[PDB]
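Asker: Here is what each chain is made of, one letter per residue.
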Amino acid sequence: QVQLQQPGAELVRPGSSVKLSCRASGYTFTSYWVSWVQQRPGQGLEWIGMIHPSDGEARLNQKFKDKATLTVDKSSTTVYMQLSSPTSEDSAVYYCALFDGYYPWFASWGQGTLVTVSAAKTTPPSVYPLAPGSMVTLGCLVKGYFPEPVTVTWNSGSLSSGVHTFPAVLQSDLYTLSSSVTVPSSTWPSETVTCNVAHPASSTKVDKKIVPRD
Amino acid sequence: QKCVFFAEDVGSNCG
Amino acid sequence: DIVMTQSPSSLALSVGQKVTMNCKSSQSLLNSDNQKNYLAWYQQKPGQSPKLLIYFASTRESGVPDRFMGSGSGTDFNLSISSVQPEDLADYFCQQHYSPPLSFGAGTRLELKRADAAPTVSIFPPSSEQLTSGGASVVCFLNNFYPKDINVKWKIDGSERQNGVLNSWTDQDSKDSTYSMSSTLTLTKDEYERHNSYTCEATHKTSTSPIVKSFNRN
Ligand SMILES: [Cl-]
Ligand code: NA
Numbered sequence: 001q002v003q004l005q006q007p008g009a010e011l012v013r014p015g016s017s018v019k020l021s022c023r024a025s026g027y028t029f030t031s032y033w034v035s036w037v038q039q040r041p042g043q044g045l046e047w048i049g050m051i052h053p054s055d056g057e058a059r060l061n062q063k064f065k066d067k068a069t070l071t072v073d074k075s076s077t078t079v080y081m082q083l084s085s086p087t088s089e090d091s092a093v094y095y096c097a098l099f100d101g102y103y104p105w106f107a108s109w110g111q112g113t114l115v116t117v118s119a120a121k122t123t124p125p126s127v128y129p130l131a132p133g140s141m142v143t144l145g146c147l148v149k150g151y152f153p154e155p156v157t158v159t160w161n162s163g164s165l166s167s168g169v170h171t172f173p174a175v176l177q178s179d180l181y182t183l184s185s186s187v188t189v190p191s192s193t194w195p196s197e198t199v200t201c202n203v204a205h206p207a208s209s210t211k212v213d214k215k216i217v218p219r220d
Numbered sequence: 015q016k017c018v019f020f021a022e023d024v025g026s027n028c029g
Numbered sequence: 001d002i003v004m005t006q007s008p009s010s011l012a013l014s015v016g017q018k019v020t021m022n023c024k025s026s027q028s029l030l031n032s033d034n035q036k037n038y039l040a041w042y043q044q045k046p047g048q049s050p051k052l053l054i055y056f057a058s059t060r061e062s063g064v065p066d067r068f069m070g071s072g073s074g075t076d077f078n079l080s081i082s083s084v085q086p087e088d089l090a091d092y093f094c095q096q097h098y099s100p101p102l103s104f105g106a107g108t109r110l111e112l113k114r115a116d117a118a119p120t121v122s123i124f125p126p127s128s129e130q131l132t133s134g135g136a137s138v139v140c141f142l143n144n145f146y147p148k149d150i151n152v153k154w155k156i157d158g159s160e161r162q163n164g165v166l167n168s169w170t171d172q173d174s175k176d177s178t179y180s181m182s183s184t185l186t187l188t189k190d191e192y193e194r195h196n197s198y199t200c201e202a203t204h205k206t207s208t209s210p211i212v213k214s215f216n217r218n
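Protein chains in written order, with PDB author numbering: chain H, 1 to 133, 140 to 220; chain A, 15 to 29; chain L, 1 to 218.
Since the hints were derived computationally from the structure, they do not count as laboratory data. Quick reminder that beta carbons are idealized off the backbone N, C-alpha and C, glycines included. Any given hint could turn out to be false.
Some residues of chain L that are not near chain H, with every Cβ distance over 12 angstroms (derived) [unchecked claim]:
id	residue
1	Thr-20
2	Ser-32
3	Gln-44
4	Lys-51
5	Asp-116
6	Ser-177
7	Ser-209
8	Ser-214
Pairs of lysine-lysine residues, derived as BS3-like cross-links and limited to a Cα-Cα distance of at most 25 angstroms, are as follows [as the list claims (entries may be wrong)]:
id	chain 1	residue 1	chain 2	residue 2
9	H	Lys-214	L	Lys-24
10	H	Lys-63	L	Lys-24
11	L	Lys-113	L	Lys-189
Chain A is faced by these chain H residues, among others (derived, beta-carbon under 7 angstroms) [as the list claims (entries may be wrong)]:
id	residue
12	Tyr-27
13	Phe-29
14	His-52
15	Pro-104
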């Protein structure tokens, strides 16, 4: 069967060009076009362009004419797309796809490469406890970390229900995330509630106790 | 083949 | 370029129901030569890449169940499912394969229907640990609500605030089919201490009035 191998993720610094890879197998590489497709987070699909590995001819969507550059390496049956002067607007999943023979619809896709645009370095998170002003809700604010991911647990997993860990938001090159836990009123503040945050990239693992506030 | 089975291959030399 | 407009943007349904999606093109996709309409449909599950369902408007790709049904002609097209299964809960996109550049619609999302659930709203002041760093993040959680249509507004000492607010959503829960949302208003310590009253408001279907949670720095 046809295969299109893409890396899961790629980190790129703003203004610094990145070269995305898509290795093709399972068909004659030199006979068919390979397309690139952009998917902004929450947005739809947008066709960037395609390249033919026969001689490396490329046809681009004019909207990306000055944005993307397509290249081939026939020795490793790999196609590449490069992004010039990338900003945070270029943070998206980039798919390579293959037409259904010579029919211009996509029968084969790669897994997609999540491109994160950021000039930040491996930064550890600052973990803040959120104590509220008959179910009581608590939270931990995991602010200013890089990169994804982080792991949040409550009392080491004993509290799996009532836990909401939310998707991170990228604000200033850094990620911020929050987690909530809802428990009976009889359990807090009478008992101990702790959020356990792990940032593997930094090799950090912090525990923050939620103490009441006078 | 390069000339894909579009109904109209606009902006190409496939005509 | 050919512009593709899908609708609706989301559909709440029950397992077993029939469903219909619409996709309109800014020009005809009908080729007179072969009297075929050049439209494709894709399914994308969360975290997965797209999967081809239909091409030529009504032809299924091999291995696609026949409960998926493509119809339409010219500039108006539909994708229907005779009996929506749980694994069909996904995004669906249409694409014109008539002429380059290839263009898609913004998509339609299918999601599981259930009974209304009131959001549990909670408001948290800035931690001392953060204030020390001169930052002030006021957090508001709205958890386990349905449907997803909701309006949240921040108020500082009465007047509404929009700037400095970042929101985050969860997907429909895999257990109770609810949604949850996070809203964070980030100020400077200086700014935080200029006001006393901080409010988190939510307008939802389960309530004829706004859900108001607030705190006073006093
Ligand atoms: Cl091969
Ligand atoms: Na292609």
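Asker: Does each hint hold? Answer for all of them.
Answerer: Comparing the hints with the structure gives:
1. Listed as a non-interface residue, L:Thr-20 keeps its Cβ farther than 12 angstroms from every Cβ of chain H; the least gap is roughly 19 angstroms.
2. Listed as a non-interface residue, L:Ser-32 keeps its Cβ farther than 12 angstroms from every Cβ of chain H; the least gap is roughly 18 angstroms.
3. Non-interface status of L:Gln-44 relative to chain H is broken: a Cβ of that chain comes within 12 angstroms, the nearest being about 8 angstroms off.
4. The claim that L:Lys-51 lies off the interface is violated: its Cβ sits roughly 8 angstroms from the closest Cβ of chain H, which falls inside the 12 angstroms cut-off.
5. Annotated as non-interface, L:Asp-116 keeps its C-beta farther than 12 angstroms from every C-beta of chain H; the closest such distance is 18 angstroms.
6. The Cβ of L:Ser-177 sits about 14 angstroms from the closest Cβ of chain H, beyond the 12 angstroms cut-off, so the non-interface label holds.
7. With a least beta-carbon separation of about 20 angstroms from chain H, L:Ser-209 lies farther than 12 angstroms from that chain, consistent with its non-interface assignment.
8. Residue-level check failed: L:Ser-214 sits 8 angstroms from the nearest beta carbon of chain H, not beyond 12 angstroms.
9. The straight-line distance between the Cα atoms of H:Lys-214 and L:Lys-24 is roughly 53 angstroms, outside the 25 angstroms bound, and the hint therefore fails.
10. Proximity of H:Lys-63 to L:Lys-24 is assessed by CA-CA distance (about 22 angstroms); at most 25 angstroms being required, the pair is judged to hold.
11. Restraint check for L:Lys-113 and L:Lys-189: the C-alpha separation of about 43 angstroms exceeds 25 angstroms, so the hint is violated.
12. With a least beta-carbon distance of about 13 angstroms to chain A, the hint placing H:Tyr-27 at the interface is violated under the 7 angstroms criterion.
13. At about 14 angstroms, the closest approach between the beta carbon of H:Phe-29 and any beta carbon in chain A exceeds 7 angstroms, and the interface hint on this residue is violated.
14. With a cut of 7 angstroms, the hint placing H:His-52 at the interface with chain A holds, because the nearest CB-to-CB distance is about 6 angstroms.
15. Proximity of H:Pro-104 to chain A holds as hinted, the smallest CB-CB distance being about 5 angstroms (cut-off 7 angstroms).
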